[PDB]
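Visitor: Listed here are the chains, written in short residue letters.
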Amino acid sequence: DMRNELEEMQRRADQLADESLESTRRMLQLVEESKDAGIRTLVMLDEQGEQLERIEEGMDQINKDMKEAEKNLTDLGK
Amino acid sequence: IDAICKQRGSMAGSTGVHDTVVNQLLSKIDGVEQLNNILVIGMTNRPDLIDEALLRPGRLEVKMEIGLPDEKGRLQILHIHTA
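Quick note, the sequences are listed as chains G and E, same order.
The first sequence runs contiguously to residue 83 in PDB author numbering.
The second sequence runs contiguously to residue 412 in PDB author numbering.
Hints are computed from structural coordinates only; laboratory data are not their basis.
Every residue, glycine too, gets a C-beta built ideally from N, C-alpha and C.
Do not rely on the hints blindly, as some may be mistaken.
As the list claims (entries may be wrong) - Negatives, chain E to chain G, calculated, CB over 12 Å:
#, residue
1, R337
2, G338
3, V346
4, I358
5, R375
6, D377
7, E381
8, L383
9, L389
10, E390
11, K392
12, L407
13, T411
As the list claims (entries may be wrong) - For the chain E half of the interface with chain G, some residues (derived, Cβ under 7 Å), not all of them:
#, residue
14, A341
15, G342
16, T344
What the hints assert, rightly or not - Distance windows between CB atoms, simulated:
#, chain 1, residue 1, chain 2, residue 2, range
17, G, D6, E, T373, 48 to 56 Å
18, E, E400, G, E13, 31 to 39 Å
19, G, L33, E, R385, 47 to 55 Å
20, G, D6, E, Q405, 19 to 27 Å
21, E, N366, G, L26, 55 to 63 Å
Chain G on its own, in the form it takes in the complex:
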């Protein structure tokens, strides 16, 4: 009558982490810095676009003025 039976106990392997808290924090800090740099680039790019738009009008005005002056001088000369 040496017929034995058993029961079982369970253990849980550690969840997936303990490497997600050293590279993670550095990743977040770098992401924040990149976000700030992107915001600054946004602002600078908008300012540059405004300045180019401003330049356009003066360019067109000088072109028109020179063309009209040349035509007038030619007309009077002949």
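Starting from the structure of chain G, add chain E where the hints point.
Guide: Showing chain E alone in chain G's frame:
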């Protein structure tokens, strides 16, 4: 202490967590590194269940038995509790 420390083996489980604990305790109390600024006191009701290894020279090695008091002890206890 008998809850944690029991004879190696003599347990029916696959995890085997009752042996690593004892081995770690034995290594820390008496290991390669010499730590000599600690004293450990362990009290129990069933000295037999304790693993034999822990009871030897070097490890523990001083053991006291607290028995039932005598007439003088009974008188002192009654005086203490009736003061």
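Visitor: For a quick check of understanding: which of the numbered hints are violated here, in increasing order?
Guide: 3, 17, 18, 20 and 21
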